[PDB]
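Asker: What follows is the residue order along each chain.
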Amino acid sequence: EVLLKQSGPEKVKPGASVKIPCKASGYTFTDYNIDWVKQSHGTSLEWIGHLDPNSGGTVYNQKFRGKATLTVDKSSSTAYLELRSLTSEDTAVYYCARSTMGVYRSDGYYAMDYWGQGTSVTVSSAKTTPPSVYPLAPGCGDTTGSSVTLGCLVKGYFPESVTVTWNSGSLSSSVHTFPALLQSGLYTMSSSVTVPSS
Amino acid sequence: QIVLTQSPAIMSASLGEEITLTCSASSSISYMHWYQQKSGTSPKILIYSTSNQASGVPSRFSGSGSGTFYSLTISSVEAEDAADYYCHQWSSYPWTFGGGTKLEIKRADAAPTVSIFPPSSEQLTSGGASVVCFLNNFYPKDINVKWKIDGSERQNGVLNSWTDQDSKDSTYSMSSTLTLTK
Amino acid sequence: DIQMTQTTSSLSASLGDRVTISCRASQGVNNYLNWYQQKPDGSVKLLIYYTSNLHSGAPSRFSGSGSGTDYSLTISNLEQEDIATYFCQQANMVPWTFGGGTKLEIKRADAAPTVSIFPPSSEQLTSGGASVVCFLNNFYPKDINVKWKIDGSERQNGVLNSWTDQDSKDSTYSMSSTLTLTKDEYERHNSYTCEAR
Amino acid sequence: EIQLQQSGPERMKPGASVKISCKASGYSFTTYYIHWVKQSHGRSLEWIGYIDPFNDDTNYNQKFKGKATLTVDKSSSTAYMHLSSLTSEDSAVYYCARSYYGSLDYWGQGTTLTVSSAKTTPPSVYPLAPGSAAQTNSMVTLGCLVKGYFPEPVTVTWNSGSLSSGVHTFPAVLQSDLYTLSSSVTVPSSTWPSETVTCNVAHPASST
Amino acid sequence: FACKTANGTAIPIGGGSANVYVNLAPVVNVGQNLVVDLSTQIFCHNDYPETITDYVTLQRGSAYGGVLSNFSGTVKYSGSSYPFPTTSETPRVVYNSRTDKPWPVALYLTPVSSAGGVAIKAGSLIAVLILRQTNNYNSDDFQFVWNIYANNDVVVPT
Ligand SMILES: CO[C@H]1O[C@H](CO)[C@@H](O)[C@H](O)[C@@H]1O
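Protein chains in written order, with this note's numbering: chain A, 1 to 198; chain B, 1001 to 1182; chain C, 2001 to 2197; chain D, 3001 to 3208; chain E, 4001 to 4158.
Rather than coming from a laboratory, the hints here were simulated on the basis of the structure. Do not rely on the hints blindly, as some may be mistaken.
[Unchecked claim] Cross-link-like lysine to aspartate or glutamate pairs, in silico, EDC-like; alpha carbons within 20 Å at most:
1) B:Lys1106 with B:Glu1080
2) C:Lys2103 with C:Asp2143
3) C:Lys2045 with D:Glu3046
4) D:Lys3063 with C:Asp2001
5) D:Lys3074 with A:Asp31
6) E:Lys4101 with D:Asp3056
7) A:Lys127 with A:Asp90
8) B:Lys1102 with A:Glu82
9) A:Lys67 with A:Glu82
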């Protein structure tokens, strides 16, 4: 079906530049426009610019005029967002979306109707550090009931992107994932699961 | 630049109740549009042109307003409606979004199902240790956790983390940890 | 509805002459009168709109004039490509109404018909019928009347006629007439004649 | 450039209904109206109505109300005319045209419609030769009579096209719901009967 | 003969003036049309259909503001299209009922070269249209003026 796919999370140095693709599929790429939206601090949404795939014309937000440029490639159904000089204020998740605006719509439906999953951008000079995984196990005083509780601990990783899977992805319920918290310049997170005694 | 204001930033509603979110604007605009963002998911259109449900949106969502004042109404709250709701205008350039309003579900209280874990051998090999305590599937969000070592309280090194409100059973969960040397 | 009448159905002209065609409306049209040209093969296209405006691609030989209830079309140098039919149409009020048409023809030296008469074939009689036919080839102008006489008596029924358009190579008109009877009715008479003036 | 393409000729039966199409190309389809015009036998133009491709608003001539119905399909830039409860008086040519500045600006090629209960019928051919005496001494006139066929058209030729000059072929005329045609050629009297001549008739509808 | 808009503002018998605020599309691409439909907005009726027939024509239509500076197009009126702004008066629409019927006018404006940014500002005047009414019965000829305003901004990608 109609689907927009962006790249994975990024880590960049201050003063660098980065380009984010967003590939379209499942619909006529030239029959709709493209929007870009930036979500900062996990709450604040704001609009970057609007792009016309047929001609490549753009409507920018004057807040982002010197920061971002929007480009298109019809030959691959791909749109790009490029950020010119990253600083600490440029850390956010950047979303591409499909917009019906551009022509006259008889029903009056002018909206961003399909979004791509965001690409998180982290700007830091610190170096990458692989995580350490320690398993969690119950103690001697189990008092085991019909079900038991296990978990995992991930400690000391950077930047912030970690996914935890249990039992090769066979379990999708009774699972808790905990958001990571900064600790002396490194992240740490844990997960937990409840399974019947076995 | 038109500023859209949502009040209050956090709002609560029990299952089956009717609740009305609000978004006010600095200057007059002709339409208001509403977006829904569930946790760990992109935003999604919910209402367009101030009164129209989008494609596939259940009929229990409605919108109304005019001029400088609009509102979004959820007639009967289901447990999957715990999300962040945003207001948006394109009637004036540049197009702006609201600050957001988080919706929380009220249910019956529940006791936390506690667990504890001693440091495993893997971290013991490196010389450091961390003791982890879980608290799963409890309501409501606010809870305080304390540690005791050899009959004495420890007041440092404790870090705590809360998950988001569940979209199935409307509960919270918390993980508390303590990191120590050998 | 607005009745639209053109003065003449046919216009004789010669190549290079100046031809003018007039239209008339039963009620004033605030301009909004158009002129179309239909080639003999049946294709139609617009020549002039809004009483004076040349459509793109139309030759410059055409011009328009008029106001109120009276309008005219003019061709400066009549050419061979310009031999066709012309219609005036009003667009001031719905329903839109058209004129009756005016077909152009080339002027010529008069020619008398080359008349011929044919008795029925044997095969028609074998199939139980009879048709006597009369040809009138290469006459001018196009007006002509044909009368069938049987044994000195007149007749007015059982006759089909067929006229061709003006011939391009020599500008002459032709016509045929067919009188169809049954075999028994045909055989009870002796004199069949075709006289035409 | 701007072009309007219609469906081909139609052959229907009384009491039936027919639908014809007009495919527009070369311009913004919803910006301009589309009209329909009917030319009878005897060639007088009558105006049917117009349709707005933007929202399918229609206006009809009071003469054709109930009979005609216009619709448009803006997805593929095509308009449709529907004429139902056909009678013999509905045989004509029907035109689709674009409108600009009060004038029918561009026209389709025209769709011919025939309403007749008659069925395919091969023609009879009868030769025509002079009677006891020739009408003229210098030239002789020979005729060919093609009778009682259906439907149109029919081609005729003399000596397989050898007599390319001096030949006349009158248009066909209906009688008893069947068509009748005749053709004539003229040759010098020194040629006939010395040199053979034959009238060749072909009817595609019956493969004759 | 009287006319009124969708929000209920009327022009009495004899002519007058009124304001119309129109919702437009937020973006129009290069090579696309900005449709301003006024048939859903302006309604007119005839007071004495039993004895009088009314003829209604668009006598003038003018461009202002952003539409003047960034757009070109055509007007669509009762069977045909004409330039906008109009260089002459149109043919007649007949009103013969006591119930409201729309005024069938629409503007199809397309961006010119060197258009960009905010093409039309919110609340700005974009057109004035003059409705001229004449009747069969007597010498009355009245003018109904319509002022068209943009109800939002419009932008054009560059
Ligand atoms: C009675 O006179 C009024 O009402 C008719 C209604 O058609 C108008 O034509 C006329 O101009 C006046 O407005």
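Asker: I'd like to know which numbered hints this structure contradicts. Please list them from smallest to largest.
Answerer: Result: hint 8 breaks, nothing else.
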